[PDB]
Each structure stands twice: as C-alpha cells, then as structure tokens.
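Asks: Spelled out from the first residue to the last, the chains are:
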Amino acid sequence: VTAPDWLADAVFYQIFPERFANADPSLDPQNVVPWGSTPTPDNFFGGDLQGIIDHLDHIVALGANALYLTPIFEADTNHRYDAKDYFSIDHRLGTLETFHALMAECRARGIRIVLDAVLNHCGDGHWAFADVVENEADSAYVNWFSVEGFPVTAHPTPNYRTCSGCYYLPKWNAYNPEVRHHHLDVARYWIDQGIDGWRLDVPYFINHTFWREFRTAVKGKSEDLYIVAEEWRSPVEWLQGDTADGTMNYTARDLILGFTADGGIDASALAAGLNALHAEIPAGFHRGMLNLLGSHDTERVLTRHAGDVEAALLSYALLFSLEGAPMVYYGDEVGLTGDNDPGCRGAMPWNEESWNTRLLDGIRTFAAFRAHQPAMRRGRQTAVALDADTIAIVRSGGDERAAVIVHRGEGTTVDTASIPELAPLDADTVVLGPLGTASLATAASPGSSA
Amino acid sequence: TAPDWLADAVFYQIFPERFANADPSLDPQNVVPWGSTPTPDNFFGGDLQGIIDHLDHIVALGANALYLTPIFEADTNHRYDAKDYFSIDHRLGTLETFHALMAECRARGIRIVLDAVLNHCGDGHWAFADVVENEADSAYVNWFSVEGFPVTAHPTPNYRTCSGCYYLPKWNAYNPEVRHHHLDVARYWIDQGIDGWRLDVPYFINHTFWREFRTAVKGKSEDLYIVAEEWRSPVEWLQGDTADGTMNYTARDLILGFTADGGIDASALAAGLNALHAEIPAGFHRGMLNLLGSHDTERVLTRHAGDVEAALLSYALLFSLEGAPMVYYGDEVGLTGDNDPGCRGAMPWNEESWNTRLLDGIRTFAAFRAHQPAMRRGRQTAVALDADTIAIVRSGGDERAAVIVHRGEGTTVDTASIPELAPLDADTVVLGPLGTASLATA
Ligand SMILES: OC[C@H]1O[C@H](OC[C@H]2O[C@H](O[C@H]3[C@H](O)[C@@H](O)[C@@H](O)O[C@@H]3CO)[C@H](O)[C@@H](O)[C@@H]2O)[C@H](O)[C@@H](O)[C@@H]1O
Ligand SMILES: OC[C@H]1O[C@H](OC[C@H]2O[C@H](O[C@H]3[C@H](O)[C@@H](O)[C@@H](O)O[C@@H]3CO)[C@H](O)[C@@H](O)[C@@H]2O)[C@H](O)[C@@H](O)[C@@H]1O
Ligand SMILES: OC[C@H]1O[C@H](OC[C@H]2O[C@H](O[C@H]3[C@H](O)[C@@H](O)[C@H](O)O[C@@H]3CO)[C@H](O)[C@@H](O)[C@@H]2O)[C@H](O)[C@@H](O)[C@@H]1O
Ligand SMILES: OC[C@H]1O[C@H](OC[C@H]2O[C@H](O[C@H]3[C@H](O)[C@@H](O)[C@H](O)O[C@@H]3CO)[C@H](O)[C@@H](O)[C@@H]2O)[C@H](O)[C@@H](O)[C@@H]1O
Ligand SMILES: [Ca+2]
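Heads up: the protein sequence lines correspond to chains A and B, in order.
Everything in the first sequence is counted per the entry's author numbering, starting at 1 for the first residue and increasing by one.
Everything in the second sequence is counted per the entry's author numbering, starting at 2 for the first residue and increasing by one.
Chain A extracted, bound-state conformation:
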C-alpha cells in the first residue's frame, strides 16, 4: 500500500521540545539555564508541551499543518533518545493530560502530530536495563538486551550491544518476541492517545521483518497513520509498500544545498539529481517523502548559507516546490543560526525584534503559494535547468501547471516559450533579479461537482 493521501497537503514543522517554549517553569529542573544560553550536550532549558500549545498560532501562521516532535518520553538527556519509560511523557515536558490537551488543540486547528519512535535502543536508565544490571542472569529482562556477560560494564567499552558504541544507549534485542511485543504496544498506545504517525529513529539498525510487523500494527489501527523513516542515503528500500510511507529526504537536502549554499553543483547537476531521485521513488510514495533542509542532526540552514538570507531563501523556494511534504526546522523561519548538534538546538526566542521577519515572510509566501495551487501539492515534478545558475521546478496536473523558478546569479530572464513543460503559461518572459525567485501558475478554478 502507498502513502496516505493527506501527506500531499501537509507541511511539517519540526520541534525539539526541550527548546521550543517554556510555558510552565514549575516543570523546570533545578539547574535550568537562561533561555538565551548556548546549547550543550548536557544542559536543560525548560521547553515544555504547554509552550507548544501556547505557540500554535506561530506554527499555523507559518503555514504548517503537521508537527514532527523529537522524543518526548521520560529520559535522562536533553534530547531524550535514551528513553526510560516509553509509556510516560517526560516529567519536565508535562503530564499525559497536557499531552491530551496538545492533541485536542491540534485537532481543533487541523494540525497532525508525528512522534519519534526510538525502537532500536533505550537508555541505561530504563527499568528493564536497570533490572538486568542488578539481577543479571536472574533478571526477567536479561534477553530484552544483548549483554555479553556479567557484571554489566561500561568502564572500558560496553560489554553489551548499543547504539553506535554509546554506553548509555543499550540496544534492544528486537529478535525477542517480548521486546517486539513491548515495541508494538508503544506504537499502539500513543496512537490510542491521538497521534497521527511515527518517524522511525535509525531504522536501518533494526531489520525489515520487524518494520513489516510495525507497519501492519500501525496500519491496522488506521491506514491514514503516517510512517516515515530516517534515512540519510537512498530511500528506495523503505518504499516497497511493506515498511514506511516515505523517508526524511536528506538526498534532496544535499542536492539543494550543493546549489544554493556550497556552489559545488550547478543547475544541470541539481536538475539531473532531483529527476533521478524522483524516478527512483515508487509511484504512490512521492507525496510521502518528508522534505527538509536541516534538522536536529545538521547545522542550521542559515549557517550553511554563511548568513546570506537571500541565498537561504533560494533553498526554501526549492524546498516548497518539490513533490513531497516540506518541513521547516523550528527557528529556521526566523533566522536562527547554529553549527551541528548541539549548536542547532538553541532555544527559540519569542521576542520578535530578534527575528528576521523578511525571512519568515518569504517562507510564508512560499507556503501560501503551495497551499493555494493544487498542482504544487498533487502535481508530478520535473526539474529543468535553464542555465548554470537557474532552475525551474515545474509541477503539472493535467493541463495545469505551477512553476517555481530559482536563480542564484545576478539577474536573468527566462523565455517561457521554447521550454516545453512551461508552455501552458501565458507569460512569455519572466525576469529574475539577483538571487531572485519567481512563482507562477496557470489559471486554476475549482471544478463544480454538480
């Protein structure tokens, strides 16, 4: 089966909930740092779920109708990939009630919620793992993990399987039916609590049999539940109809940034790469691709562009033009900067004198265009290099067409005649300024059903 239809109309906003908005400082830990502080692998700022709720207007005004939240279950770190209880919201984020309140406010606003499924590993603080450290071969949980022997040690190197050699992330034994049962109950439990899908953390470290079983458990609750795989390389293995509905499209990230920030690839090579990527994605999964320019595991877009906001805007035009659901990383829309993790996990400033609001408005415009034109959501995609510095992303539905034209040089003209996919447009020539974009579509009119 294919990606749910609603993905075609989605626009995602990615939130790292430690850092979004601190609405309830009674939930703050003892050594919470000031909100403007430099992020580190160890510090806590107090972001909470009530802060998400309180800022839904910002998210909707951006043009997003879906959230992707990084992990929110009880954990010991600020990133919460080291979960200790998969059936509890972390105590610093809030309670189950607050979570319920976010899901309800989201439903009321037509916002969907995707959570992070961290199934390959848990934290060393997890009850099961703590029980194995204490009770060893007599623990009921000994084979929920891959412990070489006793006593459990981390002191040189771990004597147990982990995420990439990290001591505090012991690897779940997914070959144990009891672990798979726990894992599927997590899936099912949060779906019962109102979520609309799951993003699969490091799914390439588990195995496809398990991911097939996960699909059946999720899609059995509802076929409109979205599953999206983290995948940094070719997405193709995830799109066979038996695992995910799409991947995080890091392929398109690298292509786009190669052109707009690095200067390493020209428009021909960008066009070729995006068309080839498109052709490799099976029919029915293009809409399920989760397109992005950055995340909590990359430097921030504006830092990749060395502070060139106009160049950054070319990446956003491209992002919003592509088939698949575009996703903005929280604070990128107001021009936050940062190097790679932890640098990109800065706290979101809510004092609007610190925002680049021309950047914000640029992105809103792209989003609004996409929201208004059916072809930008459901059209086939063709990328067309016009010259080394200029690319057209054409989205076509029937005889209808939308075009986002992206120019990284000092100005140009585009003859829409003599570029065949651009043919139905009435404009015969369109100018582009320095680092300019132009967005055009054929006259569209909603058709009457009676």
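I should point out that these hints are in silico values taken from the structure, not numbers from a laboratory.
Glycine included, each C-beta is placed from N, C-alpha and C at the ideal position.
Take the hints with a grain of salt, since some may be wrong.
To be clear about the criterion: a stretch of chain A counts as covered by chain B if any three or more of its residues have a C-beta under 8 Å from a C-beta of chain B, and this derived list gives those stretches [to be verified]:
1) 155-162
2) 365-376
3) 407-415
4) 438-447
Here are the in silico distance ranges between beta carbons for each label pair [said to hold, decoys possible]:
5) A/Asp224 x B/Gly398: 51 to 61 Å
6) B/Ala108 x A/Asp308: 33 to 43 Å
7) B/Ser354 x A/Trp350: 29 to 39 Å
Position chain B with the ligands relative to chain A; hints supplied.
Replies: The following block gives chain B with the ligands in isolation, referenced to the frame of chain A:
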C-alpha cells in the same frame, strides 16, 4: 514633439566635482581627501578624465545618456556661479579633454546633456566684475540689474540675484545683448558635440526667452533635447514651444510617498500617475526625465531609511514609467546622505564599499526595459491591485509588459484582473515581501 530617441534613453546624472578624480595635476591646493564629508565650500578634485575613465561603469548600469551639472569655469564646487560660459572649468579639464569625453561617449553610444544656467552667473564672471569696477561706464552695466553704485553685497545685495544669493547676480534677459550671449552659449556647446540642455530654474526667466531658445537649439537640430527643471506641474513647459519635457519631480513625490513614507497607497499612486499622464500632452511623455533623487534632494536610500528592499521598489517603479529614467550618481551602489550638501558625496571606486545586490537589482530593471520594446514606447497604465500592490502596464504594438510592485509582506496577483494585461494573460503570479515581478507577453 520630444525627439524619438528619448524613448530608448536612460540617464545617469553626474555632479562632476564628485564622480572621479583621475588627474591630480588639476586638483586645487585646498583639495580634501576623497573620503571627506561634502560641504558647501570643499573641492574633491573630480574631473572629466575621471568620467571618461569610468564610462564602462555607466554602460554596465544600462545608462546611455549623461546629465552633467554645470562644468564651465566657476568659483564654487557646484559651479552654478559661472565665470565664463565658453570654457570648461580649469579644475575639470580643458576643451581637449571635453572633446575626448564626447568622442569616448559617442563610441559607446552615450549622449550628453549639459546644464544651462541662464538666469544668473557668478559674481566672478568677467562682465559682472567689469560692472563692479567700471560701474556706469562699463559696457556690461545693463547685462545685469544693478540698483546703483557702488555695487555691494554687504547687508543685502544691491542688485538682482538668484533668490537673494550675493554671488549669483541675475542676468538681465530683457537685454537683447544678453539674449545674444545666451543663445551663443547654446550654439557653441552644440557645435562641440552635445545632445541637449537641461534648463536651470527656467521659471526665473520668461517664456518668451525660452521660445527664442528652442528655436535656436532645434534650428541646429530637431533631435537636440531640451528638458526643464520644474518641481511642480510640468504642463507649462509642454506646449510645443519651450521644452521637450521636465524633470519629473511629481512622479518622484508619488513613488516615494508609496515606497518610503507610507503616506500614499497603491490606489492613490495609480490615480496620481494616470492623472499626471493625462495632463502631459501627446508627444511629450517620452521626454519626461524621471528621477527619484538629484543633487538637490536627499539620497534615495536615506529617504528609505536604509531599507534597500524598499528602495528597490522605488527603482522598479522608476524604470517601469513612460519617460526616460535617470539614476543619480552613486545611488546605484547605495550611497547615503541628507540633502545638499550631504547628497554630494564622493563616488567610491572600491567594489567592497558598494551594495552590489542593489546595483544588480537596478541593472535588472534596466535590462528588462532595454529588452522589451513596450517598456520604451508602450502606452502607460497604472492599476492598484491592493492597498500595497500596483501594476504598471506598458502596451506595445505586438507585446504587453507589466512591472508589479508590492510593499507588503507577500501576496498573489491574478493577472486576469489587470484588464490592460488580461486579454492574453490569466496566470497567477506570487510576490514576496517587498517583492516585484516583471513579465511580458506577445
Ligand atoms: O548512530 C547514531 C549516533 O549514536 C551515538 O550518538 C548518540 C546521539 O543520540 C541522539 O541521536 C539521534 C539523532 O538525533 C536521531 O535523529 C537519529 O540519527 O538517531 C540518533 C540516535 O537515536 C542525540 O540526538 C545526539 O545528540 C547523540 O549524539 C554516537 O556517538 C554517534 O556517533 C552516532 O552517529
Ligand atoms: O533658487 C534656487 C536656490 O537659490 C539659492 O541657493 C544657491 C544654490 O545654487 C545651486 O543650486 C541650483 C540647483 O542645484 C539647480 O539644480 C537648480 O535648482 O538651480 C539652483 C541654482 O542655480 C547650488 O547647487 C546649491 O548648492 C545652492 O544652494 C538660494 O539660497 C536657495 O534658497 C534657492 O532655493
Ligand atoms: O542520527 C544521528 C547521526 O546522523 C547522521 O549520521 C546518520 C547515520 O549515518 C550512518 O548510517 C548509515 C548506516 O550505517 C547504513 O547501514 C545505512 O544503510 O545508511 C545509514 C544512514 O541512512 C551511521 O552508520 C549511523 O550511525 C548514523 O545514524 C550524522 O552524519 C551523524 O554525525 C549523526 O551522529
Ligand atoms: O533649486 C534648489 C532648490 O530646489 C528646491 O526648490 C525648487 C524651487 O522651488 C521654488 O520655485 C518655484 C517657483 O517659486 C514657482 O514660481 C514656479 O512655478 O515653480 C517653482 C518650482 O518648480 C523656489 O521659488 C525656487 O527658489 C527653487 O529653485 C528645494 O525645495 C530648495 O530647498 C532647493 O534650494
Ligand atoms: Ca583632479
């Protein structure tokens, strides 16, 4: 009628004391460093060789005509106090340098309009100094309006001047001898190769004189351009007997009202531009010299309080208009300054001190105009789409163009609603915050 070539023109205004100093041997002894604050009294040593040396800049902007502020021998840095109308100012160069500038301009297809300062001359001019000295016995006593002798500036001048200023004695244009001198100035520089004259404070003289002036200039050649300085309605100058057009200070005020001040909205801008258009007679639209700033105003970017994107809106509108657009030296690279003397800063030639994206934006608007024939000869219609959004539609014989300018936070334009454009265009077009879009259709 205005000469046809004005339709394809794009002017670059130079205040020659400040453009480029190529020849240090012409610098005065009191010459200040090129980075200095401009003042009513200081000289920076700009010269004509400096102009010649940067002609490639002017061409690369997309300009093909120069308006020079006065260049004749004078005692001030602005040179409106001419002391000899038949000589280039010694600090600027020689008649040979001027010839060379004309020839290098011709080679590149650049026309030259000079400033005609006929209402008054400087107190240093030979005729006026002859009057101070020889008084009633001077042959030139009636070339001026001197009340009595001895001539004095001291409390107030005892002679007629430009607006009370003692070093700008008023020429007596009622004297046939003076008119003869004036007409000989006009003729002389046309014989040296110029393409037209800009008229300084033409409202201080009289239309009779200005009709004699047109007859003398057009008699040399019908294609020589005459443009009046006029800050209010241009219509007196457009009856076919004086100028080919004016400096379009009306459209300056309307455009900046919308893009910089926020006092006028798109509907008012449109209406004002369509009315201006309707008031300008047929044959004279092309002759209007459109501008956003001059040596007599604050710099466009200062009017915009440093908002480069807002400024770019002003240039989009400027270059869309019927009439010849004019860029004021250094605005293209984003020089700032208050009004005179603050708008008369030295032009920087280090490319790292330029706002090159501003430069490139302007170049783009220029290129579009240069490429599309309707942007030069097409009928003009302005239409407001929104309080913040305006379309300037130019209609050619075989092609229509629109420049859409938005001063808001972003919008969508249904091209079927601009009915001037809409019989061969139903595309929708997006505009970003402070965005423009430029399109053409066969
Ligand atoms: O192979 C993954 C990584 O494991 C160790 O680093 C621990 C990191 O844990 C988190 O990283 C998650 C990402 O944010 C996810 O989006 C995805 O890639 O999966 C990982 C693990 O769940 C945490 O967010 C990071 O701050 C930690 O560095 C190794 O030390 C790394 O070398 C490995 O690449
Ligand atoms: O009436 C005009 C003005 O006269 C006196 O100021 C002397 C100014 O002389 C020059 O200004 C000229 C402009 O730059 C021209 O483009 C046009 O407007 O004509 C005038 C006079 O030839 C000089 O460039 C300026 O720096 C001087 O101020 C009065 O003092 C002013 O109040 C009058 O408005
Ligand atoms: O998630 C944190 C991490 O993200 C990036 O690294 C991604 C990812 O790269 C490798 O994984 C590859 C697997 O080894 C292959 O078997 C699989 O086919 O393709 C994946 C990627 O899709 C690493 O092996 C893995 O540890 C890591 O998650 C950043 O590059 C990295 O610096 C971050 O630490
Ligand atoms: O020229 C420098 C000067 O420029 C501006 O002033 C222009 C101009 O304005 C007035 O002239 C008007 C006449 O009085 C009217 O009779 C005529 O119809 O219209 C003109 C305007 O076109 C002043 O009288 C005149 O002295 C001046 O040149 C700036 O406002 C001014 O501050 C500058 O000094
Ligand atoms: Ca000099």
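Asks: Now look at each hint and say whether the structure bears it out.
Replies: Results for each hint:
no., hint, verdict
1, 155-162, "violated (count 0)"
2, 365-376, "holds (count 5)"
3, 407-415, "holds (count 3)"
4, 438-447, "holds (count 7)"
5, A/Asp224 x B/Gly398: 51 to 61 Å, "57 Å, holds"
6, B/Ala108 x A/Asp308: 33 to 43 Å, "38 Å, holds"
7, B/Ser354 x A/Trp350: 29 to 39 Å, "37 Å, holds"
The structure shown violates just one earlier hint, number 1.
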